[PDB]
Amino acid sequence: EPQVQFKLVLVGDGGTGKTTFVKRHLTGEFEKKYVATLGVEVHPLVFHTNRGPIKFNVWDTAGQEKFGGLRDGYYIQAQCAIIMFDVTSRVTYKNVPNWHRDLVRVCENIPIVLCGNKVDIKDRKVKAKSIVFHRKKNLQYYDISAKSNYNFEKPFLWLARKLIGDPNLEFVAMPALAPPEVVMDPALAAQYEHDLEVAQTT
């Protein structure tokens, strides 16, 4: 059996929670591969779908994004991407278009999910109404909270459906994730999800 796997690049401003996010997947963390030349840790994240396992090889930087764009080698052969920002830091949202631009320059029209991280933090700065870059670009958006595992599987499920070309692909079980370090208030999640729905009707 030929294994189904995709290079996923995980980009966004430093401090947005990319590493925290990718690390939730325990096996992906244990089996991560260090790429010395590029200063990348590739986390092989397997998800079990109704059509068998799929593996996202997630490329997590070693913080270099704080000092400039990433090198071509980081992006090359990427098959999908997550662009992350921090909903408590508007500037990270403002930089989202730049990340998308750098990404598409090397990778063209690969499937990309936009993720607004740290929604567990009560004082949210970038709210649903303001989040529109994905609309302008054919991208899917999700709120996430890396620290609580909130919506962890969402970006990967959406990407898997796009990559495999199966709108009915499902994850049959969640991968083993690091136990939440903060609680994501369910009422707050419900509100945020509602706010996003409302926003999509504008």
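Positions refer to the first chain, counted from 1. For the two forms, the rigid core is made up of the largest set of C-alpha atoms that agree within 1.5 Å on superposition. First, how it differs from the form deposited in another entry.
After superposing the rigid core, the C-alpha of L38 moves by 2 Å or more between these two forms.
A displacement of 2 angstroms or greater separates the C-alpha positions of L70 between these two forms, with the rigid core held in common.
Once the rigid core is overlaid between these two forms, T61 counts among the residues whose Cα shifts by 2 Å or more.
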The other form holds:
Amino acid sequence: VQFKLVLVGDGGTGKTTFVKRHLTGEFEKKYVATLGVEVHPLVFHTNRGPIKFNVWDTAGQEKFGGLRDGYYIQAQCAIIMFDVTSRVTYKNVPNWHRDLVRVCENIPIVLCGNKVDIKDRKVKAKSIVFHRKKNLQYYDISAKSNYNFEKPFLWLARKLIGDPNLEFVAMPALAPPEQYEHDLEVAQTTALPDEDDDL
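One more: the block was the form deposited in one PDB entry; return the form deposited in another entry.
There are no partners or other molecules in what follows, just the one chain.
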């Protein structure tokens, strides 16, 4: 049915932005620091049925850390996030992993290097090796471009359900049913974001 997922990593690495993208489809440009933790349910439809992740999106800023490792209690899986444009965030990966596995001794964990859409990459592909001895899955991702955005959830689902051929599927779409002026005019006259994007 459902699994507790903890999401950890340095402040500003894109944890919340990544979750939001999955929740609503949106890309939040602003950086509003998470305070302690935010819990969101997130459901995926698979060939093996629905899987629900209760996502505990934790604060990466030390000053907003709240219960810190207290959030990890009974997690069944995890994502460790860093930012490929910020070397300090990769340097801190072993610290996050240390704190996490001290509480969660045998869970599937994905390591994600976020923000690969940014041209000036700083954490070189070749350098990313921490996951190997720790048996973490690794993916380059971008919450902004959606590059590999589904990969961490697909992998975790396969591990959790115990089926390596599990796939996301389209669920059948139910037949839909059969001041306006002012609200529309406001929407018409607020520019769409990123008009230089391919889509």
